[PDB]
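Okay, so here's just one chain, in structure tokens, the form deposited in one PDB entry.
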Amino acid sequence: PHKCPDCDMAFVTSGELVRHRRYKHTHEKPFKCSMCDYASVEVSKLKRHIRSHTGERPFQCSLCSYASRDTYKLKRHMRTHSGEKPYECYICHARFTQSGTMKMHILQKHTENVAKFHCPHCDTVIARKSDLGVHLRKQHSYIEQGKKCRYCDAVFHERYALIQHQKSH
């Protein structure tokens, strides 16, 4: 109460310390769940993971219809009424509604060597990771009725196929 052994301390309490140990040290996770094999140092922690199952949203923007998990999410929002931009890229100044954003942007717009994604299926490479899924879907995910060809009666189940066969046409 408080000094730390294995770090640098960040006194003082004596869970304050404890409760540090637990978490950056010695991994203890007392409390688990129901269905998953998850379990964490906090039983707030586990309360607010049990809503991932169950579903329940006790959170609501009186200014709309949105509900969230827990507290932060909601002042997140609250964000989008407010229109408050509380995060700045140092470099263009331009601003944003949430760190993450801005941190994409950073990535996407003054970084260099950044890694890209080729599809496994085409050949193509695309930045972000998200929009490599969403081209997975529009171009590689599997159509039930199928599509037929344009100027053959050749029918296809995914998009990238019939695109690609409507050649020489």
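Residue numbers count along the first chain shown, from 1. Think of the rigid core as the biggest set of C-alphas that the two forms share within 1.5 Å after superposition. First, how it differs from the form deposited in another entry.
- Core-based superposition between the two forms shows that, of 120, 55, 100, 58, only 120 has its Cα displaced by 2 Å or more.
- When the rigid core is held fixed, the Cα atom of residue 136 travels 2 angstroms or more between the two forms.
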Second form
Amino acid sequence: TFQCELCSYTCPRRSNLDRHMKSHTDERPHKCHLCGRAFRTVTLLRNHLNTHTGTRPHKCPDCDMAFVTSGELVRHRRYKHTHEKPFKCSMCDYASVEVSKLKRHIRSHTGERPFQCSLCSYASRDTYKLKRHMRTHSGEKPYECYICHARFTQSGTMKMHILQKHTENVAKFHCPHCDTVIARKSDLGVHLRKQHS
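Return the structure block for the form deposited in another entry; the form deposited in one PDB entry was the one displayed.
Just this one chain is shown here; partners and other molecules are left out.
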């Protein structure tokens, strides 16, 4: 095989070896004109132009969804149709379509929290979980109830609000040991831990 010897890359073919050498140049000739982004190859620029237009030539056969690139279609089929999960955990039976989700799962086994909050001691196992935690410091309430226009910090909190205040005839939870009617399952658990040990 051929050896790049700059990043220790091996490739049996001679055309892909020369293509890999162009990866080190870090110069982007092809420039979009709608925006300022520049690209290395025409194929990436053409895909970028398709994202502007919304043109999605890669159409899934099993549903009415389409994607700009063939890679997105492959991931979609694994998520929705084939249910192939190539990346498997070595400590349990969990498997994921993508690497980052397996790595997120692995940090649950180990307890690693590599994403530190810059305002307090909190640290998360997910980058996006840190963003959600930031709303505790900024006081942001991105979600709004479409009925009473109340605002909430989490989407799931808003959904519970709609169920418990705008939905009629919702089954409630009855305490097994006393005649107490409780609307929320978690509040029933609190009631059991308080007046029933």
